[PDB]
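There are 2 protein chains.
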Amino acid sequence: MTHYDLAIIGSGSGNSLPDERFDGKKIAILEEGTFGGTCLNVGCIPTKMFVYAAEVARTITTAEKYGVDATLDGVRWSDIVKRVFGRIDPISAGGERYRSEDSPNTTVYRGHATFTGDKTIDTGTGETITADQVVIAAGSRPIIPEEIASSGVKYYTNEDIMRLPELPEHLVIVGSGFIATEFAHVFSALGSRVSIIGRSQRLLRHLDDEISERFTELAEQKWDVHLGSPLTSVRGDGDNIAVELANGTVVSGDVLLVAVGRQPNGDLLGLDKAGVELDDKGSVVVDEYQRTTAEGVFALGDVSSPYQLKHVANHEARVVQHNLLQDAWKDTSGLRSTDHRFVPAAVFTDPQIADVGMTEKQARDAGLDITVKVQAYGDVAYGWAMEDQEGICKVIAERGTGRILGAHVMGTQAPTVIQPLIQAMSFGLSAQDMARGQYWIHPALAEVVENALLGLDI
Amino acid sequence: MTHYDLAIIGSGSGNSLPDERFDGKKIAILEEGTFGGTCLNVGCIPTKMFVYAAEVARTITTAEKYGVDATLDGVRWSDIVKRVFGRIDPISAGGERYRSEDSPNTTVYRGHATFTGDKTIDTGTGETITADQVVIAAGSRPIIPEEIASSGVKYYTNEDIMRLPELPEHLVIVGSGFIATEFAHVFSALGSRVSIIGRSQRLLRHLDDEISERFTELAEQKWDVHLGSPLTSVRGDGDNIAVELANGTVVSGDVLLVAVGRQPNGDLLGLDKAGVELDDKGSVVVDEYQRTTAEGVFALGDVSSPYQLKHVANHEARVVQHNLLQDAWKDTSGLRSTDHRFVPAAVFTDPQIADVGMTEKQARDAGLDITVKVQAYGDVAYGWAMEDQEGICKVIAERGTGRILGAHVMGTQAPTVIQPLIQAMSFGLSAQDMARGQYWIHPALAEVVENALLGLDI
Ligand SMILES: Cc1cc2nc3c(=O)[nH]c(=O)nc-3n(C[C@H](O)[C@H](O)[C@H](O)COP(=O)(O)OP(=O)(O)OC[C@H]3O[C@@H](n4cnc5c(N)ncnc54)[C@H](O)[C@@H]3O)c2cc1C
Ligand SMILES: Cc1cc2nc3c(=O)[nH]c(=O)nc-3n(C[C@H](O)[C@H](O)[C@H](O)COP(=O)(O)OP(=O)(O)OC[C@H]3O[C@@H](n4cnc5c(N)ncnc54)[C@H](O)[C@@H]3O)c2cc1C
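So the sequences go chain by chain: B and A.
Mapping to PDB author numbering: the first sequence position 398 is 398, numbers consecutive.
Mapping to PDB author numbering: the second sequence position 115 is 115, numbers consecutive.
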C-alpha cells in the first residue's frame with residue numbers, strides 16, 4: 001500500500017486545498033468523473049453562460065417597449081454549446097494535467113474511491129492507499145425518482161442537457177428548485193416551450209413566500225406550470241415522452257429533464273469503515289472546524305455542508321486548508337471556524353432572484369419585532385429607464401436597532417444588487433446607517449436598495 | 001413687500017427641504033424655468049432613460065457573439081422622446097401643482113430671482129419679498145463658448161437635444177466630459193454618426209489615467225474622436241454645421257451638441273447685495289454647515305458644491321433642512337455637518353464607468369504606500385458568460401492596513417458593481433475583511449470586485 005500525508009476524494013473544492021505550504025508533503029487526489037467537480041463542468045459556471053445567452057434573446061423579443069425594433073431570427077444552439085464548452089473543457093483538462101504531470105508531490109487516481117479501513121481507501125483503480133489525513137470533497141449527485149429510472153424513457157440531468165444536439169420543441173421539466181427554474185428560463189427564452197411539474201403549491205417553495213408567490217404568478221405567464229401534483233408514471237412513445245401526474249394530467253414533450261434535487265455522495269464511500277458519521281439526510285457530519293467524527297478526516301462541499309453552494313465550499317476549503325496544517329485533534333486554538341451566518345443564494349431565472357438571511361416568516365417565527373419594506377424596481381429612476389414592472393427588493397430589518405435580518409431581490413442583476421446588503425449585514429451595519437452613511441450613485445440600479453432602506457420604519 | 005420665514009430659490013433639490021417640521025412656517029419657492037430642476041427635466045433622469053434604450057440597441061447589434069441571430073430593424077426617435085418625457089413632464093408639473101395646490105403656506109414664483117438687498121429678493125414677477133432664512137438652490141447652467149454663441153449657428157445643449165424631432169445622421173459634439181460621452185453613447189448606439197472634439201489628449205481627462213486611457217482607445221473605434229486641438233470657428237452652410245479646429249481640421253455634421261461644461265448660477269443673483277461670498281470659479285462659499293458668509297442664508301447643489309452631482313445635492317439638502325431649524329449662527333452643537341468624503345461618480349457611456357476615492361496618481365502624489373489590482377471582467381465566471389474583453393475593476397488599497405483608498409470600474413453595471421466598495425470605504429471596511437469576511441454570490445458580476453480585492457498585495 002502507498003502511504004500519503006494527504007488524500008483528497010473529489011476534484012471540486014478539494015482541488016483548491018493544495019498550495020505552496022504543502023509542497024513538502026505527498027498528496028493523493030481521487031476523481032471518478034470529470035476534473036474540476038460539478039461547479040466547473042456541469043454546474044454553476046456553464047449554466048450561467050447559457051443563462052446569459054437566454055437573457056440576450058429576451059432583450060431582443062421585448063425591445064419594442066423601449067422603441068427599438070428588432071426580430072429574433074433564430075438561435076444556433078449547437079454554436080452556443082460549442083462556445084461554452086469550447087472554453088470549459090480545455091480548463092477542466094488543463095488543470096487535470098497540472099495535477100498529474102507537473103505533480104511536484106501529487107498523484108491523481110481516476111477511480112471511485114471507497115473507504116476500506118481507518119484511513120484506508122480503495123482507489124477504484126485496483127489499488128489501495130493510506131493517508132495521515134483525509135479530506136472528503138465528494139459533492140452531491142442528482143436525485144432520480146424511481147418512476148423515471150424504471151420506465152426506460154430517455155431523461156436528462158445537468159450532466160448532459162447542456163450538450164443536447166438540438167433545441168427541444170417541448171421541454172418537460174420535473175422539479176421546482178433553482179436548477180429547474182434556471183433551465184426553464186434558459187430553454188424557453190431560446191425557443192423551446194417549457195412545461196414544469198412541481199410537487200409543491202409554488203415554485204421555489206422554500207424561499208420567502210412573497211418572492212415564491214410573485215415569481216410563480218409571473219412564471220405561469222411564461223411556462224406551462226403544473227403545481228401541487230406529484231408525478232405517478234412515465235411513458236415513452238417514440239421520440240415523444242409523456243408524464244402522468246397523480247391528478248391524472250399527462251404532460252408530453254420532446255426531452256425529459258429531471259431536476260428534483262441532489263443527494264450528497266457520502267453514502268457511496270463506505271464511510272462506516274472509516275468511522276465517519278452520516279446524519280439523517282446523507283450529509284457527513286462535521287463541526288465548525290470541518291473536522292468529522294473520524295480523526296484526521298475532514299469534509300467540505302456538497303458532501304457535508306447544508307448549503308450546497310460553491311462559494312460556501314470555497315469558504316470551507318479556506319478553513320480546512322488552514323486547519324489541515326495544525327494540531328486538529330489536539331489544539332483548537334490555532335484553528336479557524338467556518339462562518340455559516342449570512343450565506344446568500346441566487347436563482348438565475350427570469351425574473352432573477354437573490355436572497356440572504358431570513359425570510360419574513362422566519363423572522364416572525366423567531367418572534368422578532370421587525371419592519372419590512374418591499375421596494376419596487378419601477379419606483380426608482382433606473383427602474384423607469386427599464387420600464388420595469390416586476391422587480392422588487394424586500395428588506396426585513398429589526399425595529400429599534402435597524403439590524404437587518406434578511407433581504408430578497410427579484411429583478412435585473414439581483415445577485416449583484418444584494419451585495420451591499422450582504423456586506424452591511426455581515427459586518428453589523430445598521431440599515432439607517434447604510435442608507436445615510438454613504439452615497440449612492442444616482443440613478444443606478446443600486447438606488448432600489450437605498451429606497452428600500454429609506455422606506456423602513458426605524 | 002411680502003414676508004416669509006423661508007425663501008427657496010430653485011425647485012430642484014430645494015423642493016426637498018420643506019417637510020413636516022416646517023408646517024408652521026410660510027415658505028416662498030422661486031423657479032424661473034421648468035419645475036423640478038435640471039435632474040428631473042433635462043439632466044439626471046431623462047438621459048439615463050435614453051442611455052438604456054441605447055444599451056438595448058447595442059445588445060442586439062452584438063447579440064450574435066453569443067450565438068443569437070437578430071437584426072436592428074429601426075429606431076423610433078419620436079417614440080423614444082414621447083416615452084421619456086411622457087412621464088417626465090406630468091411629474092414636474094404634478095410637483096408644481098403640489099407646492100401651489102397642497103400649499104399649506106407656500107408660494108411659488110415663476111420668475112428670475114435676484115438679490116436686491118440683505119434678504120430682499122426681487123421675484124422677477126414684479127414683486128419684492130424678504131425672508132428670515134434663505135436657501136440658494138440655483139444650480140448651474142451650460143457653458144457656451146464664444147465662438148459658438150457668436151457665430152449665429154444653431155446649437156444644442158443638454159436642455160433641448162433630448163427633444164429633437166428626428167435622429168441626426170451625423171451628430172457633432174463639442175466636449176469630452178461625462179455629458180458629451182453619455183450623449184455620444186446614446187446617439188451612436190441608436191444609429192447616429194458621432195464626432196467628438198476634445199481639447200485634451202484623452203476623453204474623461206479627470207478620471208484615473210488608466211481608465212481614461214483605455215476608454216479613449218475604445219471610443220476611437222466607435223466614434224470620430226478629435227483630441228488635442230481646441231475649436232476656433234463654427235460656420236453653418238444650410239442645415240449642415242462645420243467646426244474648424246486649431247490644427248486646421250474641419251469637422252462637419254448636421255447637428256451641433258455643446259457639452260463643454262457647466263457654470264454655477266451664483267453670478268446671476270446679485271449676490272454681493274446679500275454679502276454672500278463667491279470663490280474663484282463662481283460657487284457660493286459655504287462651510288460644513290452649508291452656511292454662507294451671510295447670516296440667515298444657506299446654499300446647496302451645483303450653485304455651491306464642488307461635486308455637481310444629484311446624490312450630493314440631496315445629501316446637502318438633508319443637512320440644510322435640519323440646520324435650518326436651529327440657530328446656525330449661534331450654536332454649532334446641534335448642527336449637521338456635510339460628509340463630502342467618499343463621493344462617487346459614474347458615466348453612463350459604453351463601456352459604463354464608475355469611480356470613488358483616489359486615483360492612482362492622487363494616491364502616489366499624496367505619498368501613500370499603496371497596492372493596486374486591475375481585475376478584468378473576463379477573469380471571473382460571469383465575465384465568461386458575457387464574453388467580456390473590455391471590463392476592468394481597479395482597486396487601490398493601502399499596503400499594511402488594506403484600507404481602500406480608491407476604486408475605478410469600467411464595464412457593465414459599473415455604478416452598481418462599485419457600490420460595495422463605496423460602502424466598505426464609507427464605513428472604514430478593510431480589503432482583507434471585505435474580501436473574505438463576507439460571502440459573494442457565485443457566479444455574479446459582483447465577483448469582479450471580490451477578485452480585485454484578492455489580487456491586492458497585502
Ligand atoms: C446545475 C447546477 C448548477 C449550480 N449552480 C450553482 C450556482 O449558481 N452557484 C453555486 O454556488 N453553486 C452552484 N451549484 C453547486 C456547485 O456546482 C457544487 O455544489 C460545488 O461544486 C460543490 O463543490 P464540491 O467539490 O463539494 O462538489 P463537486 O464539484 O461535485 O465535487 C465532487 C467531486 O468528487 C468526485 N467524486 C465523487 N464520488 C467519487 C468517488 N467515489 N471517487 C472519486 N471521485 C469521486 C466527483 O466526480 C466530483 O468531481 C450548481 C450545481 C449544479 C448541479
Ligand atoms: C446632462 C446631465 C446629466 C447628469 N447626470 C447626473 C447623474 O447621472 N448623476 C448625478 O448625481 N448628477 C447628474 N447630473 C447633475 C445634476 O443635474 C445636478 O447635480 C443636480 O440636479 C443638482 O440639483 P440642483 O437643484 O442644485 O440643480 P438644479 O436641478 O439645476 O436646480 C436649480 C433650479 O433653480 C432654478 N433657478 C436658477 N436660478 C434661478 C433664479 N435666479 N431664480 C429662480 N430660479 C432659479 C433653475 O431653473 C433650476 O430649476 C447631471 C447633469 C446634467 C446636466
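Quick caveat, the hints were computed from the structure, so don't treat them as lab data.
Mixed in with the good hints there might be a few duds.
Put simply, identical chains are the same to the list, so a pair is met inside one copy or across any two.
[Stated by the list, open to error] 16 Å max Cα-Cα, derived EDC-like pairs, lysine to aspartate or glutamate: (1) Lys154 / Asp237; (2) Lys25 / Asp102; (3) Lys273 / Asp224; (4) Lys119 / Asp339; (5) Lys82 / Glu387.
Exercise. Is it within, between, both, or neither for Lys119 and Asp339, if the alpha carbons may be no more than 16 Å apart?
Worked result: Answer is neither; intra-copy 28 Å and inter-copy 60 Å both fail.
For this session: Could you place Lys273 and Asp224 in one of the four classes (within, between, both, neither) given a Cα distance threshold of 16 Å?
Result: Classified as neither: same-chain Cα gap 47 Å, cross-chain 72 Å, threshold 16 Å.
For this session: Have a look at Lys82 and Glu387 and pick one of within, between, both or neither, based on CA distance no larger than 16 Å.
Result: between (34 Å within a copy, 14 Å between copies)
Exercise. Can you tell me if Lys154 and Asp237 fall within 16 Å by alpha carbon in one copy, between copies, both or neither?
Worked result: within (11 Å within a copy, 72 Å between copies)
Exercise. What label fits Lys25 with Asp102 when the C-alpha limit is 16 Å: within, between, both, or neither?
Worked result: Within one copy only: 14 Å inside a chain, 78 Å across chains, cut-off 16 Å.
Violation of the numbered hints given earlier is confined to hints 3, 4; the remaining hints are satisfied by the structure.
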